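First comes one chain, alone, set out as structure tokens in the form solved without 2'-deoxyadenosine-5'-diphosphate (DAT).
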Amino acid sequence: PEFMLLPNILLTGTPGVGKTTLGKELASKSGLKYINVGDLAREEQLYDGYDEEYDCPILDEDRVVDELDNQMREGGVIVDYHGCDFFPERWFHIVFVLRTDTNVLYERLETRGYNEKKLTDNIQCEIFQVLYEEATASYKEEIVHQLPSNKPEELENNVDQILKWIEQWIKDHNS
């Protein structure tokens, strides 16, 4: 991989849409580094404050940015998070918003053991297309793409499409 310019990819979308499964499979099949922002925040303890209504530690967004910046500047990172407005715009060469039909998403999150309030908030997040709108507000329209993510076959299509995109980008940016 040495001395190749490599792209950064954002995988965003509501919890349950398949970002982690996709990012991990992409890392394995491309050699790009996969970063789960939730796991990173947990591992490096990047929390500040507690949201009492959602019942979750509040992400320290500045510290996440500081934690990742050097690595992002070096390129070749696939970032997975259910938020994107706080990342420096310069980080990402392409942004994929994974989408899952509400019925499918509900059953996924139900299986994850989400209670009613958490199920409702997340399901409304998807049905209101919150993350999609957040992505389009934060990044150039031409680099934001929605990906259906409802079944293994769509995961397969997404892996294939993005792996092909990575190859083309690398060719274009290492003349």
The other form holds:
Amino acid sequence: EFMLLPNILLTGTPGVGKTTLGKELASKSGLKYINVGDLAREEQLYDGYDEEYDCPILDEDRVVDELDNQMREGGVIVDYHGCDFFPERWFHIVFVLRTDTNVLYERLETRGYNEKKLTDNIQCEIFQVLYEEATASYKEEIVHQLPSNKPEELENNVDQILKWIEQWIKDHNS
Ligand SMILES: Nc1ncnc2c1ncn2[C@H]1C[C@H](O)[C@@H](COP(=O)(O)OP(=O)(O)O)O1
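Okay, that's the form solved without 2'-deoxyadenosine-5'-diphosphate (DAT), but what's the structure of the form deposited with 2'-deoxyadenosine-5'-diphosphate (DAT) bound?
Let us now look at the entire complex, which starts with that chain.
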């Protein structure tokens, strides 16, 4: 198997559907799915603790070092609720999943988030923080917002991205 394969970033507020989409994409394309939070947990890539948010702080440099070789080889779908620290060269396309605030709140409430965590996350979405972070970090032409409210939308997202992957592979393996 000697094909050039693309790298895809799935970003957006926690709860929007990144993991659901990334896992389905991996199963249906054979690309490797990487959950950055899970990777950080497995490889213990943390430095410091945030007092106000009550969470260990992701060690961004170590995450980058951990992933770099694999990213260089291509064919990776990366899922994280942040994107400014990734090398720009990693990604061929970046999707920012978006979820209506009312819908997102019900999802995050079901997760058992307390009030402070619910509020911070919900404001993150309503202020469009990750969308702005993606646009600030990557070329406008490769950043796309995806609706992620209903199963029908997940289905459309899977379909559109699978079609994009197929076209990209053709274009970069002449
Ligand atoms: N497009 C969609 N329509 C309806 N429910 C969705 C959806 N995408 C995800 N979900 C559900 C699955 C989970 O119960 C919840 C959060 O999904 P997720 O994949 O864990 O989000 P994230 O990885 O962005 O935090 O929403």
